[PDB]
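Taking it in order: structure first as structure tokens, then the write-up.
Let's look at subunit A:
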Amino acid sequence: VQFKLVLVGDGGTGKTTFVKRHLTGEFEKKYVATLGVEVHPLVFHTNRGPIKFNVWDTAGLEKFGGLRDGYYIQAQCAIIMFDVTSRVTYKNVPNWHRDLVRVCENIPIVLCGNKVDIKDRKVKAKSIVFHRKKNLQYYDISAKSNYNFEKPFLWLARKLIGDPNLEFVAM
Partner candidate 1 sequence: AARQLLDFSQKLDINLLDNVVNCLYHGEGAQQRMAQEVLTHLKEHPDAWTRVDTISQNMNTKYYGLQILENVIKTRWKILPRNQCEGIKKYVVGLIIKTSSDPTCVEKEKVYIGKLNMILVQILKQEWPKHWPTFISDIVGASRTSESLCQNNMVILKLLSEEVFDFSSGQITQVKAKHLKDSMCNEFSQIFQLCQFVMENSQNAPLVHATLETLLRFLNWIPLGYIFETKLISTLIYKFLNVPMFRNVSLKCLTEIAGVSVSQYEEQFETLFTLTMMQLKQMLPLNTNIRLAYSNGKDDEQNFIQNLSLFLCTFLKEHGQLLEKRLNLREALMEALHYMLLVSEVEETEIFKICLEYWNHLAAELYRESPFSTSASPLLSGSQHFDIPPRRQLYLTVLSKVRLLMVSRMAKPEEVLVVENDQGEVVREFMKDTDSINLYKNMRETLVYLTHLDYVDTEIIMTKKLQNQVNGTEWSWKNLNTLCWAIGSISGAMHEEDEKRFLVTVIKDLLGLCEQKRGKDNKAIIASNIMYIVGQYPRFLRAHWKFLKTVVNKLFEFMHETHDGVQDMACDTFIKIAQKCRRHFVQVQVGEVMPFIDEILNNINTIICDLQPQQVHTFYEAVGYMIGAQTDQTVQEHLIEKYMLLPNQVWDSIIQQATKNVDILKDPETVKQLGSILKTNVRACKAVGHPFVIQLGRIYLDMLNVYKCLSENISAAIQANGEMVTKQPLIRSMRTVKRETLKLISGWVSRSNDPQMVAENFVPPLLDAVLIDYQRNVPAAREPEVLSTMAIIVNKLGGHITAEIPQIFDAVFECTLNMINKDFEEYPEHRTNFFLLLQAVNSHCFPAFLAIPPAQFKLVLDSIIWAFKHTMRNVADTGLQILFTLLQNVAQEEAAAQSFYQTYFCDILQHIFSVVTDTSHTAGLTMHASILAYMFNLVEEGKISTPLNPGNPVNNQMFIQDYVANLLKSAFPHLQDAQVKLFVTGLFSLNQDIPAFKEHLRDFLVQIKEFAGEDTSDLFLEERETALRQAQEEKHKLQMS
Partner candidate 2 sequence: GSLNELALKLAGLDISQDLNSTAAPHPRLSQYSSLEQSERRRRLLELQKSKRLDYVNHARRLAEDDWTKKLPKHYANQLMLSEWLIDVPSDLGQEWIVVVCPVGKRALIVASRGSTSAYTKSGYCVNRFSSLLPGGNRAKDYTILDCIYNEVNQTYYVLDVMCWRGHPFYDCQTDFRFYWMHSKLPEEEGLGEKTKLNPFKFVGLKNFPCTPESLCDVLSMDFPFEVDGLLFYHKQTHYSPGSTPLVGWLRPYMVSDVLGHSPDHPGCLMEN
């Protein structure tokens, strides 16, 4: 009833903030870059009992990489993430995906535009096209306002359990 979700993206993406929002409904305004990884369990309750994503909150910065691919081992699903306010961070997406499937031949994955809330967005939804041919889901999220906040988890869930009409629930 649980799974291992590697959480990749580059630096300042909002990976850490995202999961932490998810784990407390706090919002962290401070940038403190994760050093190596730091796996946070998470739980949602659903149509079919409870489910737990083991969020391997990986780093972004080259400096503090860690054992990167080493963390992806035995990954059952994922989330490359980027920041719609810095074009650069979408350009490295392809690399993250790379390293990822070079460890996980077939594992449900999700790509996430974050920061959709800054009203000076520099990654026009026009420009996001990657997932398509690499056949990953894509979602527009903000961790500052909870726009499409749980899409990434609900999707993966539907995939790993093999249930399309699996809806989350309050309890």
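Descriptive notes on the structure:
We take it that a contact is a pair of C-beta atoms (placed from the backbone, for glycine too) under 8 Å apart; a residue touches a chain by one contact, two chains touch by 3 or more; residues count from 1.
How were these candidates chosen? In short, all candidates are chains of the complex that A comes from, given by their letters.
The candidate touching subunit A in this complex, chosen from 1 or 2, is 1.
Those residues of subunit A that touch candidate 1 in the complex are listed here as 11-12, 27, 29-33, 36-39, 61-63, 66-67, 69-70, 73-74, 83, 85-86, 88-89, 94-95, 98, 102-103, 105, 113, 116-117, 119, 121, 124-126, 128, 131-133, 135, 137-140, 145-147, 164.
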